[PDB]
Amino acid sequence: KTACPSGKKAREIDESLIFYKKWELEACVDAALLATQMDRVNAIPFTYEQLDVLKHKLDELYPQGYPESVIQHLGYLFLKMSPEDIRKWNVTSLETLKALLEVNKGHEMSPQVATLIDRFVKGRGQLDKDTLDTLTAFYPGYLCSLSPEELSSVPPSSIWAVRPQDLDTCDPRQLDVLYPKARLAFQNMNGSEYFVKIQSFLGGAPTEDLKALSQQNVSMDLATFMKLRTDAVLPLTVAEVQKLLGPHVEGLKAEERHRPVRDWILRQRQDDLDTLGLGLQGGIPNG
Amino acid sequence: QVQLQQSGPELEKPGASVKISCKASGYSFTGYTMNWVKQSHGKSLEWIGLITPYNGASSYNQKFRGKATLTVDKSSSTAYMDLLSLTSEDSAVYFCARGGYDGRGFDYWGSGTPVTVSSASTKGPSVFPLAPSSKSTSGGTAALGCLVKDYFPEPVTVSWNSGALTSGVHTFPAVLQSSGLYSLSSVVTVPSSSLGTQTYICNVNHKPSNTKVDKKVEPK
Amino acid sequence: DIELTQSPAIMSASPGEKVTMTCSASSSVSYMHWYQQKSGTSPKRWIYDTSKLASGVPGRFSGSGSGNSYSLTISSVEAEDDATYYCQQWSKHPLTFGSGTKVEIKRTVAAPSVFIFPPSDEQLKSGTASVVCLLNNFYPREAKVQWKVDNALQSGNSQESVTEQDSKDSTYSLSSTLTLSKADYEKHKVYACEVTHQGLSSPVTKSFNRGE
Ligand SMILES: *[C@@H]1O[C@H](CO)[C@@H](O[C@@H]2O[C@H](CO)[C@@H](O)[C@H](O)[C@H]2NC(C)=O)[C@H](O)[C@H]1NC(C)=O
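Chains as they are written, first to last, in this note's numbering: chain B, 1 to 287; chain P, 1 to 220; chain F, 1 to 212.
Think of the hints as simulated: they come from the structure by calculation, not from any bench.
Hints should not be assumed to be uniformly reliable.
Restricting the straight-line Cα-Cα distance to at most 20 Å, the calculated cross-link-like pairs of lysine to any residue (SDA-like) are [to be verified]: (1) B/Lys22 x P/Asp107; (2) B/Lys88 x B/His107; (3) F/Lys38 x P/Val190; (4) B/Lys88 x B/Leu101; (5) F/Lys38 x P/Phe64.
Only chain B is shown next, with the shape it has when bound in the complex:
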């Protein structure tokens, strides 16, 4: 019944079309009209079957991929999309991305969303500060979900989007990839500001920057000290650890059998560990 029943041709995309059967929709609704009024479909109570007919017509119209004009309003049609189709998309507006990420909010990242993110970043040429803000907002563990190789392609300018808690899942490899980028982003700052910004990254910092910070009265939180690289705290002197921890040197004895602290103590002489007056023990015996 290719022909559309008389008086049933759709001049407009409205709710009156919900009582059209699938074939009635295929025969009575022109694809260009749908493309122009996509913005109305998400407010109409169309069944999954009728929405399938609609997506079929949208495909008929755009065989080279949808335009962002239609992709912004896809709504729950973005779920009936295939990754192959999304790989042909040119999505540029952050608001389009925010609208598509809101359709499957809460649930785990679907393959469609991964492909959308990849196409978006490959179009923008990088992972921007704004784009990273968006992605972390929708998916909090996004940053630490990237390999140390992928994480290496992040420009330093976008580090201003990385909040401290966004690194509470990153492994030492990722932290080591990130610390230079944050060092560059926060470079050109002065004193307490640099530290306030780089404290959450120092878990991937080397020994040289640690000594440089010690020589500038930083008063490093001991909880931050516990997050440092064991291999990077060993080559430090008692005077350096003292200048770094500032007044927080008191908590050393409380953390005397823990990751970095015990390994550092065991590599120091008791004659110098006793210079702190805190009662530390485990130093290389004199002689």
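Following the hints, position chains P and F with the ligand against chain B.
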């Protein structure tokens, strides 16, 4: 199986509002439409509207716009209809029903939620026995019964012997009295030879007033 | 809105007869659905997409039609088909139902079984009295109950209720309750209900003396 479990009877005063529910079971209701239908006692059916849960979209019969608001909780696979600014004309039985796959009508209906709009307070029934006698006997068949008097609002649920007794039973429609209260009767015809051995109990239930009564009817 | 008019509004068919009911629409409708509803029950889908029978519907039922006229046909009416049938148009928003066609079953005449129940002692203790008069299993539906207290014809103090057509017998039942105060009830002695029906050659009467 597919089941649409509706909320219970409701009583509300004019100008107020109520919210009735429809729990869907046996299928993923995210894809189907949920329609609501109104039926006033002694009248025909009237479509209110429909809702799709995946996007919570809703389409209404213009008559019932501003009167019925459809919502959905996908977590519990439940649909809700909120009836607003209640008047007397809103007193009726409201069904929920699932739409077919390709517009194939309403294939699974709910059980019906009664909604009564009145300024009258709820009152529980008084259950009295209609005992069998010689004037209730006519050819080896006797008639026993229960009288559920002075209650409001409807409905009332009457059974016999916890449902085991069904044949010969007649539970008549309730009649409204000048006092504003309902009263109905439930009778059953039985063999006269059993009245001495068979126990006959009528089980009445009025949910609006949390009243459950089991009344044994005895001869003489 | 499409206005669907059903005809006949009431149908009375003897078992074995072929019957046909019609739904007339104000405008052309692509499809029509037919639901069966029996009193005190939710409507059930009987025919969908104009002519397809729903799961479990007997084969004697059929649906057809087009444009402005649709119809539902029962080849051999059986006593289990007494009910109201509603048509629904699935063409133009909004959905609209028909006023319904109610199907009753014809059967041989059956006179009523009359019983009378005096007021229980519990109710009298409560302060009211209700005398019940039961007409059990009769046909046709038209019957006349008339209360009489000490041969005095009563009026305005009685209420009647009729049941729907039984599934087994295709018979109706009726109950008439006469309500009074304990004082008014104790003022008199004889209480009778007189029943007039097509199946009774002359009025029947069932009575009792208060106390005896
Ligand atoms: C996305 O953009 C690409 C590149 O701009 C589009 O492919 C180009 O299409 C134009 C014609 O519209 C050709 O002249 C170019 O040679 C194409 N370039 C490449 C690399 O393919 C593509 O059509 C766009 N996709 C959309 C709009 O969905």
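To see whether the hints hold, each was checked on the structure:
1. B/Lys22 x P/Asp107: Judged against 20 Å, a Cα distance of about 18 Å means the pair holds.
2. B/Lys88 x B/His107: 24 Å, violated
3. F/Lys38 x P/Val190: Outside the cut-off at roughly 26 Å; violated.
4. B/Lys88 x B/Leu101: 18 Å, holds
5. F/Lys38 x P/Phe64: 26 Å, violated
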